[PDB]
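Q: Start from the sequences, fold in the hints, and give me the full structure.
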Amino acid sequence: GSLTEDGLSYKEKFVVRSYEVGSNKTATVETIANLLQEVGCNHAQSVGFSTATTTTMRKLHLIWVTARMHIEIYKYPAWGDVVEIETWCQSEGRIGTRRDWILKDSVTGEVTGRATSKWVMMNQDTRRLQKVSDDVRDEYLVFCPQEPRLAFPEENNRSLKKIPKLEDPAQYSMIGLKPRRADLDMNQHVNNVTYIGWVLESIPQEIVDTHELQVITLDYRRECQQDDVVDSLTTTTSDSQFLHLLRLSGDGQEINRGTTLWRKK
Amino acid sequence: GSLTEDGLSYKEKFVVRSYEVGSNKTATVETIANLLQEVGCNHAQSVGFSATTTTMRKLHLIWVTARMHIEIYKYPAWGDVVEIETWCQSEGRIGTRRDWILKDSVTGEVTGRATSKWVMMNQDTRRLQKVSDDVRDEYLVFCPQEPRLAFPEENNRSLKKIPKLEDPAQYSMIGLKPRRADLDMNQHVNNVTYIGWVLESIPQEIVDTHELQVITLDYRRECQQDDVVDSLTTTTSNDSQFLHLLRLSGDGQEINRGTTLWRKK
Ligand SMILES: O=c1ccc(OC(F)F)c[nH]1
Ligand SMILES: O=c1ccc(OC(F)F)c[nH]1
Numbered sequence: 075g076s077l078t079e080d081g082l083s084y085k086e087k088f089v090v091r092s093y094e095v096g097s098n099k100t101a102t103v104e105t106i107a108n109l110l111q112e113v114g115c116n117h118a119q120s121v122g123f124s125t129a130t131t132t133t134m135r136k137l138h139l140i141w142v143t144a145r146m147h148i149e150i151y152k153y154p155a156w157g158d159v160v161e162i163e164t165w166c167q168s169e170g171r172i173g174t175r176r177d178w179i180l181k182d183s184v185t186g187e188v189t190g191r192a193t194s195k196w197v198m199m200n201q202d203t204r205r206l207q208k209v210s211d212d213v214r215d216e217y218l219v220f221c222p223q224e225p226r227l228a229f230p231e232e233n234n235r236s237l238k239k240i241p242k243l244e245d246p247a248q249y250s251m252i253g254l255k256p257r258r259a260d261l262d263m264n265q266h267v268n269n270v271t272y273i274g275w276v277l278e279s280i281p282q283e284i285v286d287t288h289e290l291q292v293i294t295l296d297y298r299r300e301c302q303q304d305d306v307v308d309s310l311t312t313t314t315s333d334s335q336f337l338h339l340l341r342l343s344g345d346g347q348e349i350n351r352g353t354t355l356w357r358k359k
Numbered sequence: 075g076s077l078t079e080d081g082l083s084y085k086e087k088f089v090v091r092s093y094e095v096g097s098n099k100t101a102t103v104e105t106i107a108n109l110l111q112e113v114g115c116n117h118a119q120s121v122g123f124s129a130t131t132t133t134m135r136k137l138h139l140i141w142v143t144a145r146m147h148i149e150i151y152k153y154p155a156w157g158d159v160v161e162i163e164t165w166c167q168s169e170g171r172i173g174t175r176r177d178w179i180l181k182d183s184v185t186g187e188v189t190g191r192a193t194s195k196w197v198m199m200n201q202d203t204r205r206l207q208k209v210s211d212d213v214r215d216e217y218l219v220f221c222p223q224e225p226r227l228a229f230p231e232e233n234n235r236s237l238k239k240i241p242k243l244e245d246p247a248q249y250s251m252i253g254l255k256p257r258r259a260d261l262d263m264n265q266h267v268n269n270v271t272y273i274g275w276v277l278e279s280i281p282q283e284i285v286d287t288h289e290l291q292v293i294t295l296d297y298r299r300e301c302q303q304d305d306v307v308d309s310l311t312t313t314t315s332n333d334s335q336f337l338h339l340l341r342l343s344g345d346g347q348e349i350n351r352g353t354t355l356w357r358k359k
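One line per chain: the protein sequences are E and D, in this order.
Using full-length UniProt numbering, the letters of the first sequence map in sequence onto residues 75 to 125, 129 to 315, 333 to 359.
Using full-length UniProt numbering, the letters of the second sequence map in sequence onto residues 75 to 124, 129 to 315, 332 to 359.
Check before you lean on any hint, since a few could be wrong.
Claimed, not checked - One side only, chain E facing chain D, incomplete, derived with CB under 8 Å:
no., residue
1, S92
2, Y93
3, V95
4, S97
5, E104
6, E112
7, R135
8, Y249
9, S250
10, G253
11, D262
12, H266
13, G274
14, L277
Just so you know, the hints here were simulated from the structure itself, not pulled from any lab data.
Cβ coordinates follow ideal geometry from the N, Cα and C atoms, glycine included.
A: Next up, the structure:
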């Protein structure tokens, strides 16, 4: 992959692997979510970040953490196909950061999906959220479009809707979910993609067999740690819509909420 | 990737991805095992398969893994290119072998090797059988005719008999369940998942302070989507050796056994 001409966005091509696809021989949403995160990392390497901590962030032990992940897929790429992913970052002034992605058929050049994500600043030791400094903004505005560039430009759009809290009892549930070493990143934290899978695990197999996932919106409230256990809850709200809750098996502490939308095949 | 000049082997290059690495910023043995399966699949595609031959599709026959053997000298680093070569060979009427060599792309030196034994099984009845001449002949056109062994040595750890762990196990991980990211395109648990499940009963202190050199895994029965696995480990030993058993948490039915060898970092 490479920075584009203006050095304000990054593109990479990926061949869809045998193990990356589900029962219709197209990419899972989790494969897709892993590819967004790889091209996010490849963009940060290309422009000097880490080896996405800036020099000021390293000083005060500050990190970016995902608050929100929104993905819309029109077509899942097939086993053996090339997908082109472009990604850029923007400042939401002092609130935090946004990363946006556009997914294209390499062969046709047509948009096959789009994703947006909200990142906020956290201490790392104390895990306390805060506003972005100001000294920090200047150091990464050099790497972002100055004019707004939005994967989801439409005024009132799915990617910005408030998500309510599922009320007990849930229509469906998958209890006793536990991460393994394959679910951890290189800093030994549970990978953000794992949560996407744990949310999807309470959807009935019959919906998955007969529908395609078109939109997922997931809020991240709190981390699941190595020795935690998650319950996954789902109620139909409706094309079919679901409301989703991830919480710890014990004390029922919320880790995530979300919604998904599925089309009939 | 592509077939070599003689068309009796297949080569492919892989860039190691952000999410594919552990705490050393090098590839996990599960990332390695996934890459081996992708190059195995790309070789079968290249020589005209879809990995069943005409006669097997007629008789509803498939290859299934009886054994995986993997030895790693160096785990490739995040961003590095690993080159993997692969070929099959007939083992008479017993089954087939698939063998792999991993190289540093930049240096050309061998950094891993792996060998696997596959047997013929009825898709439906799940009954093992010997390989028939009509089938042996259909796939010898793709295999080197002289022997080519990744593990040639006369007394080599890839062929040793593996004993059954005796209760009580020294270590255990209880209540392991596949999620949908553990399934392949045919909705069977991925052979790499059992590797991860075997590794989950190794204490974190061994993993933090040692590197996996060798893994040998036997495949007895598969885990269904709605089964639950227990993972057991006893130390059997400068080098730490362990003995492994995966079994179904209910009735204690054996799904896998194996051994691992680790060196101090
Ligand atoms: O561990 C955390 C804490 C917070 C968060 O999101 C923030 F917006 F609330 C994500 N992950
Ligand atoms: O379901 C099966 C059938 C066979 C097998 O391998 C064979 F060696 F036992 C593994 N898993």
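Q: Next, verify each hint and record whether it holds.
A: Comparing the hints with the structure gives:
Residue-level restraint check for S92 of chain E holds (minimum Cβ-Cβ distance to chain D is 4 Å; threshold 8 Å). The interface hint given for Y93 of chain E holds, since its Cβ lies 5 Å from the closest Cβ of chain D, which is under the 8 Å cut-off. A cut of 8 Å between beta carbons decides the hint on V95 of chain E: the least distance to chain D is about 5 Å, and the hint holds. Hint status for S97 of chain E: holds, given a least beta-carbon distance of 6 Å to chain D, under 8 Å.
Given hint, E104 of chain E at the interface with chain D, holds; its Cβ is 5 Å from that chain's nearest Cβ, closer than 8 Å. Nearest Cβ of chain D to the Cβ of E112 of chain E: about 5 Å, under the 8 Å cut. The hint holds. Hint status for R135 of chain E: violated, given a least beta-carbon distance of 17 Å to chain D, over 8 Å. Given the 8 Å rule on beta carbons, the hint for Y249 of chain E is violated: about 14 Å separates it from the nearest Cβ of chain D.
Restraint check, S250 of chain E versus chain D: the minimum CB separation of about 14 Å is more than 8 Å; hint violated. Checking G253 of chain E against chain D by beta carbon gives a least distance of about 6 Å; that is within 8 Å, so the hint holds. Below 8 Å, beta-carbon pairs count as interface contacts, and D262 of chain E has one with chain D at about 7 Å; its hint therefore holds. The closest approach between the C-beta of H266 of chain E and any C-beta of chain D is roughly 11 Å, which is over the 8 Å cut-off, so the hint fails.
Because the closest C-beta pair between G274 of chain E and chain D is about 5 Å apart, less than 8 Å, the hint holds. The interface hint given for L277 of chain E holds, since its Cβ lies 6 Å from the closest Cβ of chain D, which is under the 8 Å cut-off.
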